[PDB]
Amino acid sequence: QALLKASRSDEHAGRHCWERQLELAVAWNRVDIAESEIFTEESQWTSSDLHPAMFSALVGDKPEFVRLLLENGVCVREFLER
Amino acid sequence: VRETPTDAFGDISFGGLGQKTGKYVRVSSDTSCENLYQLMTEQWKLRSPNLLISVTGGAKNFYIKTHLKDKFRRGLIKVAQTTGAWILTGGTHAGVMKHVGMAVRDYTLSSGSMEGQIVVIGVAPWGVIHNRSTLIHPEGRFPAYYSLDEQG
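Protein sequence lines, in the order shown, are assigned to chains B and A.
411 is the number of the first residue of the first sequence in PDB author numbering; add one for each residue after it.
95 is the number of the first residue of the second sequence in PDB author numbering; add one for each residue after it.
Be aware that one or more of the hints could be misleading.
Claimed, not checked - Restricting the straight-line Cα-Cα distance to at most 25 Å, the calculated cross-link-like pairs of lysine to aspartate or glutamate (DMTMM-like) are:
#1 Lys-192(A) with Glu-447(B)
#2 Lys-192(A) with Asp-442(B)
#3 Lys-165(A) with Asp-459(B)
#4 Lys-163(A) with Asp-200(A)
#5 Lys-159(A) with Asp-105(A)
#6 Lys-163(A) with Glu-445(B)
#7 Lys-114(A) with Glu-451(B)
#8 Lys-165(A) with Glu-128(A)
#9 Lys-192(A) with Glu-452(B)
#10 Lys-139(A) with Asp-105(A)
Said to hold, decoys possible - Between beta-carbon pairs, the in silico distance windows are:
#11 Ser-466(B) with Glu-128(A): 48 to 58 Å
#12 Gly-470(B) with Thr-125(A): 48 to 58 Å
#13 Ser-453(B) with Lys-159(A): 16 to 26 Å
#14 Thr-177(A) with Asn-439(B): 24 to 34 Å
#15 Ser-466(B) with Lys-172(A): 39 to 49 Å
#16 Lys-165(A) with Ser-466(B): 35 to 45 Å
#17 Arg-430(B) with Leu-146(A): 45 to 55 Å
#18 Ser-419(B) with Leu-145(A): 49 to 59 Å
#19 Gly-116(A) with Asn-439(B): 30 to 40 Å
#20 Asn-439(B) with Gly-178(A): 42 to 52 Å
In short, the hints are calculated from the structure, not lab data.
The C-beta atom is built at its ideal place from N, Cα and C for all residues, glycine as well.
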């Protein structure tokens, strides 16, 4: 968690903080810490903005993380639109 | 203000989990009371009401110290589940109804939804929905798909 807490305040200002923040949770097999922090009740999402994490989670063949992203707001119909 | 025969009828289905199919109907400021109770009771196959519980207040946001909230979510579903209750709320993802939604969602995986579904009725004005065009039709769209958006 201290790694992420350092990770938020950096050179980038914007949407990119949350965007960059996930991909670290993807690259680690660990899901609990990432899930709690990034999936707090206060935060809003959108089913467009989880597509690259979905794609990396499928290719890297990590099952439980795919199930977590699918339970939290990625619709399969929006994901294979093209 | 003048009146006209209504529209926007069909069952809203969400893209996330293919286990819900919530029905959507509209109504005016005043509507026949017997027709309202008939639509609630005989039409949508909802069983008879045994206990009417009304969660109200807030509508913006609030934070619970995360010990009372677990007891609250657990109990407010224990009672509704077993007494065939009807719980009503202002149904919009803003504050108190979000806590009721997390209650229904956190229980709806654990029970498996065999029988006696947790009937949760909701009241929300038809003008103030952000993504309104996703279902508006005079002949309706019955297996309608809908995605979440709250940046607007």
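The hints, checked one at a time:
no., hint, in the structure
1, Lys-192(A) with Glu-447(B), "holds, 19 Å"
2, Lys-192(A) with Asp-442(B), "holds, 22 Å"
3, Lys-165(A) with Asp-459(B), "violated, 34 Å"
4, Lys-163(A) with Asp-200(A), "holds, 12 Å"
5, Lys-159(A) with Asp-105(A), "violated, 36 Å"
6, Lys-163(A) with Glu-445(B), "holds, 19 Å"
7, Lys-114(A) with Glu-451(B), "holds, 21 Å"
8, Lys-165(A) with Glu-128(A), "violated, 37 Å"
9, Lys-192(A) with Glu-452(B), "holds, 10 Å"
10, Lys-139(A) with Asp-105(A), "holds, 14 Å"
11, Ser-466(B) with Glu-128(A): 48 to 58 Å, "holds, 56 Å"
12, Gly-470(B) with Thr-125(A): 48 to 58 Å, "holds, 54 Å"
13, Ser-453(B) with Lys-159(A): 16 to 26 Å, "holds, 19 Å"
14, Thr-177(A) with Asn-439(B): 24 to 34 Å, "violated, 44 Å"
15, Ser-466(B) with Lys-172(A): 39 to 49 Å, "holds, 40 Å"
16, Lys-165(A) with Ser-466(B): 35 to 45 Å, "holds, 39 Å"
17, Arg-430(B) with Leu-146(A): 45 to 55 Å, "holds, 48 Å"
18, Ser-419(B) with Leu-145(A): 49 to 59 Å, "holds, 50 Å"
19, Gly-116(A) with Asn-439(B): 30 to 40 Å, "holds, 36 Å"
20, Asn-439(B) with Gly-178(A): 42 to 52 Å, "holds, 44 Å"
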